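Below sits a lone chain in structure tokens, taken as the form deposited without the named molecule.
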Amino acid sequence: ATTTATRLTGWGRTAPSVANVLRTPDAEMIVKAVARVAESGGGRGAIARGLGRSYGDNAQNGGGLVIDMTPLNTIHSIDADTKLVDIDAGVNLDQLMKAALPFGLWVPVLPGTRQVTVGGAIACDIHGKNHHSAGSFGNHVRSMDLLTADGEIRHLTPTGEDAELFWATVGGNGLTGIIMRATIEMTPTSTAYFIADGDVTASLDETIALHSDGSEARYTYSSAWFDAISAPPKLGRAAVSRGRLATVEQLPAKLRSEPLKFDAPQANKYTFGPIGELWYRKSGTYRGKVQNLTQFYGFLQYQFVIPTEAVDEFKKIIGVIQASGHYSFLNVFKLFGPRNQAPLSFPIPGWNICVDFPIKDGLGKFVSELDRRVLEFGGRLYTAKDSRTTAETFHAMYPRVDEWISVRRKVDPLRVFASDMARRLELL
């Protein structure tokens, strides 16, 4: 059960702060470290940390305590009939995926890396390319055990009398206490494969029409790479990949007797002319391609969603980005579906995009301009990717914030739980 003053950052490796980190596999010692912060209560307080994949400052606490939950990584049970897994909060999604597959069960929401803990997937209420059909990760949690500031472990359910604290802890960025353990309901599957259709669009307008014509209703998973650099009309052209979990009949014969296996890793004169355009189109257009899951897996990361109805507003912000002087090559676009009841949950239905800007003069100020425009158009930023926006902005993007903050003040009156993000965004 060691303790180390550590200089910590998020994945973005910005805004370092030093904390004492507790790393221990012993649950009892975590309860005690908490009571310990509470008795002197509460100085700089404490926050859980999972694997450190959020890009900003939610899993750091400058001059306070950070409890590394990764050692608490026990899988208690998996059951193919009830579809439930019961696991410690430090278990990660890659470990869970691998452990659940032989039961014909699939992690119901996967983000773009599986090096995330169950505790961080709940705390950021993460989403994946199936958001429009599955919701976000908080939708699939049937119970959790929350170590609260008074040292009790509350067992929370999404419809019990403890439903308000449950729903504050989904998306709550660890600020209601330390999730110790959870029960997640899994998606049944007969294979570890996808069958997928690709399409390429020529412009933002076409990208939007493809997402609005109803074709999305055929696919449980959908996302696209998106050009945010080309001037119009090329601006907003995309490479769209959509699909569903394959059934065993859909696998080729070769793959059929091991359907539930994860596989192991690991002309230029035409390129810019019309023959290159044709080739790119043909090559991103395909139907029913079978692919294993293992197939899929300095900079300011920026992600926002704009409500579905605000479509011209969304095209405007894309136009603003392209005209801005800041170039993002790696852009992921998708259309989110219905939101959940967590007050601080990020996903709303509408047009989500992740963009990644090279850090260079003028970007801070430009991104503050983006914040204003995302706000004014009904949208928000995602805490898992932020270490810069202001409290005023954040509070206006999230209109249920005061409701959440009153839940938090009930469960943690003395501020035992605190983080750099909590202080910057005035979530205490």
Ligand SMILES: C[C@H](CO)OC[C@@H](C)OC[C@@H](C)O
Contents of the next structure:
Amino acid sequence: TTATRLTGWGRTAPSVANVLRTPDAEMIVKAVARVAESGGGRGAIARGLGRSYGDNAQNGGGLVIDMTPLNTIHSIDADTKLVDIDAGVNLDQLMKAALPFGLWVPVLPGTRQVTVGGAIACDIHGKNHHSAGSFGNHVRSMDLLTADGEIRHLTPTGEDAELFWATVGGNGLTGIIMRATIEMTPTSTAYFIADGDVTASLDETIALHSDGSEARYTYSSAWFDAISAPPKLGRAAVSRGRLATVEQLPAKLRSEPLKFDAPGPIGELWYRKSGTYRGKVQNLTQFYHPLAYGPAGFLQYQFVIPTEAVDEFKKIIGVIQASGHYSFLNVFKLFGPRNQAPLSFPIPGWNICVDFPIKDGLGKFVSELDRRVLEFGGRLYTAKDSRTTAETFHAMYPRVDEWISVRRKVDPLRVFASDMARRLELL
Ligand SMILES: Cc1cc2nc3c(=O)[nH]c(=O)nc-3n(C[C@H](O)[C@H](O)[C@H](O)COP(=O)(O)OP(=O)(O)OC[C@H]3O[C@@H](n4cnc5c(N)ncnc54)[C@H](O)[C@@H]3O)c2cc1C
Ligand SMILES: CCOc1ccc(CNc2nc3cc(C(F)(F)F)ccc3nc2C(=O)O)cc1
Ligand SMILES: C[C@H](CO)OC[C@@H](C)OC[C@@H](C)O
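Compare with the form deposited without the named molecule: the form solved in complex with the named molecule:
Below, the chain from earlier opens the complete complex, with every other chain and molecule after it.
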């Protein structure tokens, strides 16, 4: 309907597309039919809230279907723990709606501004990955509008399970998720009980994550230093916890356990001695979400290295700090077991997101990082990428051919297409 210039969150690789934006599900069905009618052409991609940094929710010279008007919560059930929602409902909306039922969104990323469609398509992960897996693990069914114009009901097992698992992490390339049922996590409060620790070095950070203590916490992540020289390199502030029960709340908060409330060298000493603490009761915002639009001069880079390749992980961190590219915003987490989605990002291992200001030599440097990540058995995350190559990506994802095989069965005429799909030869 409306021609619009589109970028991801990273404000990079702009491309103009025809954007459809309607709450009418049948207009969406018809729009897809029109693309298949004179198709494939440049095809169509779904788009949620545009929070992926890269080019997966854009389609230069083709159609983009903005899914955010499709935002109905159909039902929430405390007995079965199931929510039935349109793919355009966002996680903030869902979190608020589900709390009074004693239910918790089972996987929450670092912003609540993502759609359910976006969460499935990038198979997102959170602080609780090591205990809960990623978003795809909790989908009980979804309705997918496929290239033929049919809406397929998909489930994680049984008939069409292959297509379900291709859609999880599928970056919108199997079709348009219209609706889904998610199994929620039961909770008696909206609060976490948290332990904080501060480490002096990378070795001590790795030791903390390898000593077995991760088994005591359902939620775990850390900020880490990627700028100091060794041994300060890789020191971290670690925050770990679990959902609080009602009696763990200060008496004052007990009447309303499920309410979500409204949002130098001296700096280091404070951050360090007070960064260590035990059994601190924290609301969702303080434990997780300190909370606009993201700046334009930064490259987001996220990769995971297999748990066993720990020496190799230490080497990549060393390479980063000696590069003359400086990142202050650095997340670190140890992932748990992967799921069965062929293109799912998380594997067990050392997960890092760094944020580099765009300077001369950055592009070629991150290409060298790609090489290292690949060599050591790791991979990068599509939701954060706009610049890796088809060659590197296919090698990072050993089940890519399996996934492409599914994609071609469900979309032979390439009705579904994006800038990422062409760049990474997934089309
Ligand atoms: C500040 C910030 C913090 C973040 N933290 C995390 C984190 O902790 N963990 C993590 O895993 N990710 C994180 N992300 C990335 C984010 O979770 C993903 O990029 C997510 O997919 C974005 O959701 P969206 O609705 O904005 O989707 P978009 O960016 O609009 O789309 C992303 C992909 O989803 C597809 N898609 C969207 N809706 C549909 C649909 N209805 N049917 C089919 N396909 C669809 C699109 O085609 C596209 O391929 C973060 C991003 C930001 C900006
Ligand atoms: C200064 C802007 O404010 C913010 C807003 C959000 C954040 C946290 N963001 C993230 N947390 C993340 C947390 C994890 C996790 F799960 F904890 F390991 C993984 C990826 C993450 N990616 C981002 C991101 O920015 O892409 C940091 C700062
Ligand atoms: C997808 C990936 C191959 O690069 O496989 C993940 C391996 C390391 O982990 C196994 C799961 C069950 O924990």
